[PDB]
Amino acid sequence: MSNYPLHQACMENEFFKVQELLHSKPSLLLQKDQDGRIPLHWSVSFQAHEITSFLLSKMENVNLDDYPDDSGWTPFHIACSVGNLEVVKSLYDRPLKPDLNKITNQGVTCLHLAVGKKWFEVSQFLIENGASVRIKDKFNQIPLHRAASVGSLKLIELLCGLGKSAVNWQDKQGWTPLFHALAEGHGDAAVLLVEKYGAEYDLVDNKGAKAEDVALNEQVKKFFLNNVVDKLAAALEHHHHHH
């Protein structure tokens, strides 16, 4: 990025340079580049811890939420997507706390990002500090959908257990987390949702397919059906449903 030397210096991790720039023209601290990002976005993006900390010390009275880039990403969104818990703690541990549910242009939250990248610590930190687990992006997907999509059992537990997340919410495509788990071939994850978190598997998507029908392959599907009770034969019927 030419015309934005300070943002560039953050990307390269040239801490000394960053300091020289802020001294020659302080006004660059909160300047927005072509993509609407300010210096803090790049330091956090390239995990330049030394620079980030310095930027924050100069942003004493700045609410990170007032700085979403053109994509809707605030520097806090970047931290959580990157996964460095320590940086996330430094961005969050400030007088003006970020709205943990703030969304991107496409309706995704920090927890949506952290979970989609399989960052356990960061996801736990968010959930423990108040982040909601029931916010649906522009696709009507809550984090758990992603957790099932990347096939992370740890994340499913965290969201459904501590997070008390809903399990049978259907997205724009009519998919519940279960569908996502099977579509990606995560057999064990699909069985966990059903066996431990009451995920209903008799629902149909917008095309008429049951979760088992969108299985990645025969084995994945074979493994699901053989570890979830054959409802057709079940003596009784569920006495609880979940949600």
Given for the second form:
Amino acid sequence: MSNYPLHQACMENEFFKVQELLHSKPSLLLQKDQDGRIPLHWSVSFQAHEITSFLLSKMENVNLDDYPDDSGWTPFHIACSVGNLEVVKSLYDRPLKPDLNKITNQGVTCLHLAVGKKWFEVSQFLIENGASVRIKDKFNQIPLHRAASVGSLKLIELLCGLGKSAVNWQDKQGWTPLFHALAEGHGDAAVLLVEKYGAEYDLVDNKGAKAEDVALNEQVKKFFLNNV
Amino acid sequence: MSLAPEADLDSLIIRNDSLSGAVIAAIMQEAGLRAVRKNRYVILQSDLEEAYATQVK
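Structure of the form solved in complex with its partner chain (previous: the form solved without its partner chain):
In what comes next, the whole complex appears, and the chain from above leads the way.
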């Protein structure tokens, strides 16, 4: 089986080809390649709307959750990381909807994937249909850790605000969302935590440092204390 | 070569946010070969995590 054309067909977006390959051999619709991925996977990865939508029609009794690739990534996972609200809404509004909290091999939820990349719609959409804003991945990291890391106040005010997110949890390295949003130097972001969403800042990582000590550069640091 | 649209390299950096630019090169490179064997060009998360492992501590 070395080559899996149907999947390929999904990568290259040859809508017909696909519709033509399913015709010849039906057992392909739900076949898993050397990555544990089924067609739908790739048809979502590259955003093949027509192919996708179609592919689904014959997967309407198929639970997305039951199809995670070799990294626990589900066609709804790939969907959320990519950033297309449509494609996601597509995979969501169906008889059997996917678990918004199912994690991947390294335990990250679509909220992380979404937040990390900064997909406000996606992030928000999810939060609205459940999606725990508090799921720790194999690094004791929750979406806010991601949000602060990049530093989007926009998503910081969403997780912490609406999603009443916890803000003082520390990952493995022993870092609160604040350290992150300071090591990458997002002063304004850092302060928003402490200031608007009461984030403690006297804690120390698993080495003895506080958020101030693990800041990007002095320019950053100062702006912090000079405003906390 | 290139990263799969859904790849999540951020996750990889944000873990211990303190990696020498050289490991990044090694991590990134290893993840290239893993993707190579799977006879694919684009890189998946599988490759990266498996690269991060045999490349850090």
